[PDB]
Amino acid sequence: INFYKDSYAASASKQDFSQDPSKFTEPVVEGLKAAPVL
Amino acid sequence: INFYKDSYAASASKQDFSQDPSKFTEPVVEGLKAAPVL
Amino acid sequence: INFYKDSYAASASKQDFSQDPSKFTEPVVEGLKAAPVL
Amino acid sequence: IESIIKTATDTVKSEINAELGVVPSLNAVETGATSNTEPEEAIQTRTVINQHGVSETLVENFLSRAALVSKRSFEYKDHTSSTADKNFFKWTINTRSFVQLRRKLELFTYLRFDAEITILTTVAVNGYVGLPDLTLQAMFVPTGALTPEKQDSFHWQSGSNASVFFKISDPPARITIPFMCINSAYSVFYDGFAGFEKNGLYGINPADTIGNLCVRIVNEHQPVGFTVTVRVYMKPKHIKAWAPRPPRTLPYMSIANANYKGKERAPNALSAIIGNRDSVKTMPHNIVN
Amino acid sequence: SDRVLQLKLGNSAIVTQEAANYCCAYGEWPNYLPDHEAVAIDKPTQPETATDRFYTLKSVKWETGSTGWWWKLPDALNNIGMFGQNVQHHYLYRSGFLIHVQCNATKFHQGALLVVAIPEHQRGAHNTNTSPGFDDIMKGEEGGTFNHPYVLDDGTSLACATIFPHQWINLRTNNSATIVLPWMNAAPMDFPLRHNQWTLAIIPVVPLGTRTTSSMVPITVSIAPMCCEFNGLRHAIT
Amino acid sequence: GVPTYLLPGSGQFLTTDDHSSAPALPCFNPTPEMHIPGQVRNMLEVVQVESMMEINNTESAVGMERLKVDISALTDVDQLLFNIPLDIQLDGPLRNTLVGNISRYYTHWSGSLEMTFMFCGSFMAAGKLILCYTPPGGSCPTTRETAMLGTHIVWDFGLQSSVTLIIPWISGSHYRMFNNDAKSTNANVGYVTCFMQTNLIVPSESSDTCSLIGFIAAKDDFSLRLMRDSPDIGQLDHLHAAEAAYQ
Amino acid sequence: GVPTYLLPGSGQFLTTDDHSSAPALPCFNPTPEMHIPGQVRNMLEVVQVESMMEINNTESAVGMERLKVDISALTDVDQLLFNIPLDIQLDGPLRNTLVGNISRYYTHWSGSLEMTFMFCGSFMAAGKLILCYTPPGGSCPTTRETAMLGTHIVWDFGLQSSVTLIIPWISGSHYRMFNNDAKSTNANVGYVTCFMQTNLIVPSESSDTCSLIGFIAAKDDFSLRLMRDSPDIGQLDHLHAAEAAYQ
Amino acid sequence: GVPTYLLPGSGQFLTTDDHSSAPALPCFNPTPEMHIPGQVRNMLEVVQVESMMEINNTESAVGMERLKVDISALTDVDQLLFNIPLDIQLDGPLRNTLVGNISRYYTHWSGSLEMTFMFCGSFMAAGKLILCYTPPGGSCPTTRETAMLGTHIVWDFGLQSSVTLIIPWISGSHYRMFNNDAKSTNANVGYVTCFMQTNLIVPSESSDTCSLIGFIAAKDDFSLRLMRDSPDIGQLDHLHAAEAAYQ
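Going down the list, the protein sequences come from chains H, C, X, G, Z, Y, A and S.
Taken in order, the first sequence gives residues 30 to 63, 65 to 68; the numbers are from the UniProt record's numbering.
Taken in order, the second sequence gives residues 30 to 63, 65 to 68; the numbers are from the UniProt record's numbering.
Taken in order, the third sequence gives residues 30 to 63, 65 to 68; the numbers are from the UniProt record's numbering.
Taken in order, the fourth sequence gives residues 565 to 647, 650 to 693, 699 to 860; the numbers are from the UniProt record's numbering.
Be aware that the fifth sequence starts at 79, since it is given in the UniProt record's numbering, and climbs by one per residue.
Be aware that the sixth sequence starts at 318, since it is given in the UniProt record's numbering, and climbs by one per residue.
Be aware that the seventh sequence starts at 318, since it is given in the UniProt record's numbering, and climbs by one per residue.
Be aware that the eighth sequence starts at 318, since it is given in the UniProt record's numbering, and climbs by one per residue.
Simulated from the structure, these hints should not be mistaken for lab results.
Quick reminder that beta carbons are idealized off the backbone N, C-alpha and C, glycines included.
Be aware that a few hints might be false.
Cβ-to-Cβ under 7 angstroms is the rule here; a few derived chain G residues that face chain C [as the list claims (entries may be wrong)]:
#, residue
1, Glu566
2, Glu624
3, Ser628
4, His643
5, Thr644
6, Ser645
7, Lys808
Build out the structure end to end from the sequences listed, making use of the hints.
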């Protein structure tokens, strides 16, 4: 329920389930063969 | 939301994005070639 | 908005724009030619 | 040319210009036109996709703000021997008394709007027992019509006048007054005289006065006295505005006229609106490292 | 080809060869009152060439300490010619105005004049709580003078007066200013003797200067009413 | 009935609220709209109109004298004539302009400005000026050889009496802020300076001192944000005759 | 349940509100409608009926004498007989009329009026009158040569005993206001005057003094606006036997 | 109007409520989103990053010394080198980790962990370790022959400087609880121990003492539940300059 004219007035948006943990866990460009990395 | 019988009772009307700034910035009839005006 | 079971409970009825002023202004049966009446 | 503008304009990239006959940075101010020199024509620019909205400077947004228009404090007590608002006041409605709203409206020559009126009421015990939940009557009386002269007057029976009864405990009272001028717009300024003789008021078209707001306390007086303060807030809405004006620079003197004096010194003095610097070559907040 | 201009109205004509592309106020042109905006039901008189013609006011002298000049419309014209006679014999009037302001000088003179048409120029008085009276406002053909042109005699500012329909007479550039005014009022018609829709203001922003041997440099205002209508015929007020 | 519950916010009076409310005058027919010239629907239409800067905001400058800059013939080359602070929020030559006054009802601003300068000397007066915009970071340039490393226009006095110096929107952030700290990196716009490029050269019979009038407007890339009470007006008392509205 | 919040206005009693409310008598069957003559659905039907002006509102005029104007034979030409103020809001000959009383429940009004004058002399009485409407701005005309520059009707007394002077809606604004300031430019309607055009000429056996009755109605172009309490009725006390309603 | 009734809960302020509310700045245009590197949309992305355990949480260990474990050559076989409690909720080597800090904002947790150990001795240092995870129920193993009955990895120091001991989610319940009772059957994870498998064997010219750095991360089978205030931060007073926000 949101009867306001400004969109930022809406309730919280808790449906963004997209994740990309590899920008934190694997920030190399050689994707490591799961085999030695070195 | 507006359950009143008179139309002036409505909430504010914030959707008129029409502009004509040339009635204030260019109130001549010779539209000035963007070339000397004189 | 009217959630009552009796119709007289409704809000005021302000849409009857029918007028017949001639029952007050011209209550003769000879419609007067707009020409002397007499 | 009229067009729909939702965002500020983009910038196109531009290159080197070296053309005879074409001088887009030259202008003629004498024609009354603002310069049409684009940044693309003055400097070498990039491409900018501008996504900055313009909606907060819509005239509707700029003026649909609830602004204080009236603030009356009156004593709520037994008034048998007072000289003063005896449990009620009349207020000739105007937009001229509080300078934040007045200056904004005086950016325009003509305004057409409905007026959402909000009435805030607060009570203090006179100099403790508690604050009473008093009932108030705000009655809209047209301009020049018969207003009550007593708290208990039979004028308050309000047979055709709009009246709003409201508490102190409840959310402020709120009604909408329609655009009620006899003309198609209010005259914010009026270069004229209201009467057919020459004693009439300058600057005041009474066609632009909403009415009288007659506010009483409905309750009989309590044994102790209270001071009741009534605040009235107006929010214009469904606004059309015509012919913008130079903003007011000097302080307002009266609600009845545009009379001016200015401050004693700059800023906003009669001889000097902007505060002084030492010279035209003096940079007042110069970065020095 | 925008420096030269001829204005022909009725039996009157004005030529200038140093104009600078005339102002049409708010991009509008004067028109008669259409049927879907009319209020007064009597058939109006539209004298056309008898009233829609250039009337030249008394010229004023531009001097070193001049503060500026103002004329209120239709008040400046309400005693002139058949316009003045129609105004006196009718309760209601409506018109636009074609304003032409003339000021020439030598190529060794300098000076800038702000020629601005101010709608509803409600005047303030200086340093008092008392509103301006009738004689302060209603000057007729002679017009008035600015007391404080820097605040436009109303506590606002000269510097922002270019928001109004205006031209400049820069003596180096042009010798004339032309402003076409539409009907500018909240009501479709108005009583001419108690209300002024427009104020022509002419303000010395850069003062007159030369080191030549001086001449009287006057400023001349010619005003043509446009699309004159008059309603509510009766005896003359005078 | 309907099961309901009230939430934080119920009964508050927010001055910026946007709701329908009870019409006090039922079946009121407002007067029919008439065409009026000069309708304004967005305040950015007003800021695009140029209006006079008060560049000569000095003591000894009285009233309208503050709205023009006197220019004289010099006998040294490359001289500074005037500079202009670009601080709208504090008091400067831009404050009492159309763009200045409307913008001070807002906190945030973006977009290009334009300065227009009309030379008001005689026909016989000749000269060239250089009008320089310096992006912020350093001190205001005081010599001509420093200032025109920045954005500039060289103006020849001629048949066209005016030039435009565009002040392009030159900013790391999308908006700048109208905060009181003028030296802030989110506030300071930099500087506008005017130098002689050649010299004011006039007749013995022309006035040896000539006047520039400076104008400023916003362009249509300009935007304003976060509405606030203007610091250009205030009262400490009731105005005169405000009490008579109660009598 | 439903998340809700209360707004400014909640719980107020607005006397002009328009809402459904709780029926106190469930399943009440009202009596079936019967055709009754003379239904009125808009009060502007009432103002279009002509009704008597009290033109002779003078001392020495008692009761019904105030509702007629005596006309006598004169021996000077072009004489004034009576004038009529067109101020409905203050007390004049138009106030206690159908158009006058209903309009005083409103603040704003527009549209044409009509004045009808019935000559009530003998069959043998002859005469001509000129009935002049002067638009406002000046003083009321006192000579015949001034008054008939305005809107007028020359009336011949004949088989038709009556004429109509239309007072056309002659106004700069869409509406006029019923404010107390009668000299206001948004209020004053102007004047109606009656002059002899020829003379009242009668028999020795007819009455040498004859009577006019003046009527006024609105036309159907008439409109009223902004409802208000009528200043034509008031009480300072309870009416008699009002206390017995509690006993 | 609508018949309504208020319910238990009306007007309460729940700090975890999820409602629309009144926009204070009507028609506010927020600054357009720019791509910024490193967006995080679920906090479980943060716990999957490995971060240093403070295994050497002893007196005489100062600062960064606590983040490494010194390993020396021994002259007895099968020796214990260190153990690691798996109690995140009480204070141990896992608390000031990425997985530790974020998890302490929650009460319940599930899923596998991984411990990574980087040997930071010289190139010339050789050795083998056994890294053992013991499921809970008994005492922490102190001899090598007891510990490797559990889950373990034998690590050879080589070109790859690191191994991973997976701590598999080994639990009767779907979640474990971060309660203060570390010996609870719904809390205790068991133990991690490191024994010499062979020996640290180095050059006379290499350092005879070498360092291990231990890391921990969650796997992507990890989940957290029941949000709570973190016991890792608190104040008993106002912070410095907090009063100046009111001045």
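Results of checking the hints against the structure:
For G/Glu566, the shortest C-beta to C-beta distance to chain C is roughly 4 angstroms, which falls under 7 angstroms, so the interface hint holds. For G/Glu624, the suggested interface contact is upheld, since its CB lies about 5 angstroms from the closest CB of chain C, less than 7 angstroms. For G/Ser628, the interface hint holds, the least distance from its beta-carbon to any beta-carbon of chain C being 4 angstroms, beneath 7 angstroms. Using the Cβ-Cβ criterion of 7 angstroms, the hint placing G/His643 at the interface with chain C is not satisfied: the shortest such distance is roughly 37 angstroms.
Checking G/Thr644 against chain C by beta carbon gives a least distance of about 42 angstroms; that is not within 7 angstroms, so the hint is violated. For G/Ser645, the interface hint is violated, the least distance from its beta-carbon to any beta-carbon of chain C being 45 angstroms, above 7 angstroms. Annotation: interface hint on G/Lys808 holds; nearest CB of chain C at approximately 4 angstroms, less than 7 angstroms.
Comparing the model with each numbered hint stated earlier shows that hints 4, 5 and 6 do not hold.
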